[PDB]
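First the structure, which I've put down as structure tokens, then a few questions once you've had a look.
With one protein chain withheld, the remaining protein chains of the complex are depicted in position.
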Amino acid sequence: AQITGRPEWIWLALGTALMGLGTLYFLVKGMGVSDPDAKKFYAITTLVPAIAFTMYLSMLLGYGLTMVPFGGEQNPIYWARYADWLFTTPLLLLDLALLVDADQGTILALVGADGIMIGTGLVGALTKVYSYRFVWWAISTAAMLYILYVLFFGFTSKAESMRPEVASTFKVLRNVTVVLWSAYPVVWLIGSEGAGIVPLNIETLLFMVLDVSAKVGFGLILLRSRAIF
Amino acid sequence: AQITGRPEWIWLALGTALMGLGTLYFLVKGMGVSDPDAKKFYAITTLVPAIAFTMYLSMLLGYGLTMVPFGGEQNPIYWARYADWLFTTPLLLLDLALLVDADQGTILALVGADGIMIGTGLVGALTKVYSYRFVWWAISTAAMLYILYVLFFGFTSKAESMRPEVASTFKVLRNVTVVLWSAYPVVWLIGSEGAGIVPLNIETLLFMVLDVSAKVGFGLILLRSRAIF
Partner (left out) sequence: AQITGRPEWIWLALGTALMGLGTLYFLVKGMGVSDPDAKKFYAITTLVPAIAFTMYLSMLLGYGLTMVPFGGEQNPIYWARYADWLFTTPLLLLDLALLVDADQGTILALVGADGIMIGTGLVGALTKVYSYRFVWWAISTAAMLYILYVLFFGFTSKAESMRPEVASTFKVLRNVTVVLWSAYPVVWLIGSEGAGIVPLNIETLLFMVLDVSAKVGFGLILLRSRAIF
């Protein structure tokens, strides 16, 4: 890995403030909302960064960090990420499903594929045998591919049969999640959890940009449109 | 903290019997119920103490206790509480939401705010740095405040547009949960998990009275009325 339990601190601390202020913004905003549908969109979307803040704080305060022996060392693995992402990604996926109006069957498949992507990714992070950490990465990425597939050629189709304001916001969000989401298995692979090419200092800066984007950025695009009505 | 892994035993054992008999009572009672709505109320309400019993038993049998180093010692932290409360409090919140007929958006916000209250409280209990245990307590209590706010000025409003039998049972329950619930962060703060003013022996007696009340007491008020129909 890339030994780091203090230099990344600034990024952990900044991600804490951003997620923290991101929650605050969505909070002091859905406040007016009377429409039960928009009400659901603000609920899901506000909860995403709210969970992100607590876990980002845990990593900053040191709780979210653990040490796992693999290779020929003891590696600094921030597990709070998996704790965050486990509820955050299925919540993000529900916004997309509600927006486009997906079947209860597909929403269950997606949440299921997602829980598996995060749990499997968690087992990979905590696995002591260097070689095996890549098997789980393979299985985790495979599930993401399954998820990004229906989001693309599946939700897109169900979108075009909705009001244009809705068809387009989804278009924008769809692109943002498919692009952002696929960066995690890459950062993970080259980062301190896989082939230690990139230092934890950097891995943490990357995850931060992606997180704030995948949640607050995403939330902004959504919450600031009439598609949620 | 307040070193204790045997004197509180009587309270752990009594809370076990009470939760145990509380489940039994609700069990041999919803037995007749044919109304699918009352059927849901008995389901949720019976599951609350049923979960409470197992966790109370774990603490009595010693499993639910762990030791966390903070201050200048090794402190006896009963973590089973957080394991219990994590499912129990959202279940309790669903009874109130069903009774008053809340929006899927607000129920999601509440369960979300609640999961955060318990998890955050759990991180606070397990945190080794004395100072930080209070940050999480602050964040956990803040979420409770958010929860007790909608239960009060939110559910109350939605209650008044229901049959009077319903409007009033909620009134009673609302008061019981807002009053009881806000005692936990106080007991926690002065107890062995925070400023060790109160001994674990006592902290455990308090949590017991509050638990049995917040669940069996609460359940009795609810299940023994026609509001569940």
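Labels for the chains are A and B, by order of writing; each one numbers its residues from 1.
To be clear about the criterion, contacts are C-beta pairs under 8 Å (C-beta built on N, C-alpha and C of every residue); 3 or more make two chains touch, one makes a residue touch a chain.
Checked against the full complex, the one of B:51, B:108 or B:118 touching the unshown chain is B:51. The missing chain, though absent from the display, is touched by one residue of B:39, B:128 or B:163; that residue is B:39.
Which of A:13, A:98 or A:139 touches the hidden chain is settled by the complete complex: it is A:139.
Only one residue in the set A:20, A:62, A:112 or A:199 touches the chain that does not appear here, and it is A:112.
Although one chain is hidden here, its contacts on chain A can still be listed: residues 103-106, 108-109, 112, 115-116, 119-120, 123, 126-127, 129, 132, 135, 139. The chain not displayed touches chain B at residues 36-37, 39-44, 46-47, 50-51, 54, 57-58, 61-63, 87.
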